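Omission of a single protein chain aside, the complex is shown with its protein chains in their original locations.
Order of writing sets the chain letters: A and B. Residues in each chain are counted from 1.
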Amino acid sequence: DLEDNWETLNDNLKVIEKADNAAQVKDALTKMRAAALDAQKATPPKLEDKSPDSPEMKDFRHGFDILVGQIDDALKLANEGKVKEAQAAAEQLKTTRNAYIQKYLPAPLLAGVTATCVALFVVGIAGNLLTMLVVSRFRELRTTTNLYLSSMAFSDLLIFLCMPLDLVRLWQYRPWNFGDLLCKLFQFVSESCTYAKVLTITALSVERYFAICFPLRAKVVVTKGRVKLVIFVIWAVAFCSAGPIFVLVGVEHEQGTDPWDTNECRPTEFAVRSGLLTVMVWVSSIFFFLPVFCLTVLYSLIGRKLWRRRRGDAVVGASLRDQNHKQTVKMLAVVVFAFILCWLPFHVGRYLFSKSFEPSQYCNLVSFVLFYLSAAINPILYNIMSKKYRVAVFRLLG
Amino acid sequence: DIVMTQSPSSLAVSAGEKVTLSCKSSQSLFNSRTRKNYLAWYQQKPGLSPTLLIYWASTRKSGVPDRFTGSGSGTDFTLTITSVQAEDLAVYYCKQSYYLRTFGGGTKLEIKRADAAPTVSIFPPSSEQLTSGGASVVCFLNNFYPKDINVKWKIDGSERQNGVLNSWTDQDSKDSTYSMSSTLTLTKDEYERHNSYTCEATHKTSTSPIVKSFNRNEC
Partner (left out) sequence: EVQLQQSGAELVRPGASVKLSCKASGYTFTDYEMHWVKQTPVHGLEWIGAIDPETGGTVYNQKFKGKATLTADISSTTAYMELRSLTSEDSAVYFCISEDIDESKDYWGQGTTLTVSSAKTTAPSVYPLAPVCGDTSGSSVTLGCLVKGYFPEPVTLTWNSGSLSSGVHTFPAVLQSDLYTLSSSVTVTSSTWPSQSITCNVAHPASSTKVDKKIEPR
């Protein structure tokens, strides 16, 4: 075997370097000759497809000819009794050897982005799990807003569970040998959770607007039941509107190239000649930008009514409802702002990718990072804003 | 509850002369948070609603002439009118806004003018009133100054004081004068049994009193 013969060569050169008697150099040089010729008879893994008389093979064997020649000279010098000269011949032998070893056999930014995505993966999983459990095991926190935020927490959870393949595709993009079903599956799930997140935030804000401006809400926003129905329909629309991903993306390779070397997970050719790519990009583009408009107007009205200008001489109180509504509306406002701010470069970059598919680095990387930074940052914002959430977490752990 | 007390209650002044009104509160009206003394001055003219002049006890509302100038702090405030005009005839209140709300007693501003002799007119009872069975001799005394004036009735020369109804008015905004109505109400028979009726007016503009008489057998 080539590996066995090579380890044998390095071993006996190691002996020669640390051998005092000339006899030891004689033996080690003889065995190095034997393993050198035996290795020369063997075929390297990089030249097995080429014919035996191919030029590459003749070079690979030529280097071995030079090698065995040096072993012959060193063997003669060792037979004389000159240990120093034979060791020097073993040194130049090591030189030619190493040369033909290395001849026939973004990264820091990758480490940074990957490490950060791992941090957001840990803090994300733990944070959103703590959110769902806090809503689970406490009466005074089973409000409607906490239910919508719990569905959002699960959506972040599933997004982070989809992160690994997205990161593998982030650095390892030349080959995709994982399969077609995965290439469609993880992006389908990720997009579905995107739609569920945006629709859940929008439904939550609508419920706050109707709750504050129209106190007839007691009949309308009924109970947890309505919230469970809206969550069900939100996830159903997320899955159906993200269905076409199964046709949009796929694995493809060039004509005349090895599939194991040129397979990629990208929008298919049929997904481009028919504007399924542009159609889907405009679908999610509406799915993000339109609810951004709705959130802006709705929170504008909520802030207009709650934070209304009052004459300083006001003698009547504050009604004790606008206080709690100001708390939860503060929290939700910060959450929505972080959402838009984080997923804006993502949808911007996807728009640029769609428009470029019809004839930089830190932009795509910062979008990749921000996308998960939202999912990880929502529980942190819950811990900072809501005192009840903080008390519930500290009550669960300590 | 915060109690407000103004001073003076009544104040007379000439045209163009300076005036200083005072408003004292039983509690400090300074909010250390907003750094504003919540004290306002209102001008209520007769027949009208109070209008705002000074808010925050030193800030003049837009449109108010610069002669109105409020000052003071804590529990003591003042409203200063540098050049009083005839249009300033009103009652000036002060409202606190530190606690809920409380107005002051008010200060009635009267302007001084030239002495004017009262224009006296006398009116016998109408016909329909005599048909009802009553009688009323109505004597008007118009556009005099100052307010001090006396009215006596003389039937056939004999003074009459029981059965008289008087009604004074406030000061006019047009000429800053006063006016008075004096109605002597008698029965129809007692009216038709005497002869002469006399409305006599004693005012400081004339040493002799201004009389106005009529007889029943004439005209």
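FYI, a residue touches a chain if its C-beta (ideal position, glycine included) is under 8 Å from a C-beta of that chain, and two chains touch if they have at least 3 such contacts.
Peer 1: Write down which of B:58, B:78 or B:183 is the residue touching the left-out chain.
Peer 2: In the full complex, the listed residue that touches the missing chain is B:183.
Peer 1: Looking at B:75, B:80 or B:129, which residue reaches the missing chain?
Peer 2: Of the candidates B:75, B:80 or B:129, B:129 is in touch with the missing chain.
Peer 1: From the list A:51, A:223, A:255 or A:319, pick the residue that touches the absent chain.
Peer 2: Once the missing chain is taken into account, the touching residue is A:319.
Peer 1: Among B:61, B:193 or B:204, single out the residue that touches the unshown chain.
Peer 2: Checking the options B:61, B:193 or B:204, the one contacting the hidden chain is B:61.
Peer 1: Just one of B:167, B:207 or B:208 touches the chain that is missing; which is it?
Peer 2: Going through B:167, B:207 or B:208 one by one, B:167 is the residue touching the chain not shown.
Peer 1: Considering the whole complex rather than only what is displayed, give the residues of subunit B touching the chain that is not shown.
Peer 2: On the side of subunit B, residues 1, 49-50, 52, 55-56, 59, 61-62, 93, 100-106, 119, 121-126, 128-129, 132, 136, 138, 140, 142, 165-169, 174, 179-181, 183, 212, 214, 218-219 touch the unshown chain.
Peer 1: Under the stated touch rule, tell me which residues of subunit A contact the chain that is not displayed.
Peer 2: 308-317, 319
To be clear about the criterion, only the chains that are shown with their structure count from here on.
Peer 1: Quick one: subunit A and subunit B, Cα centre-to-centre, how many Å?
Peer 2: Inter-chain centre distance comes to 89 Å.
Peer 1: Where on subunit A does subunit B make contact in their complex?
Peer 2: 312-313, 315
Peer 1: Would you mind writing out the residues of subunit B in touch with subunit A in their complex?
Peer 2: Per the stated touch rule, the residues are 34, 36, 38, 97, 100-101.
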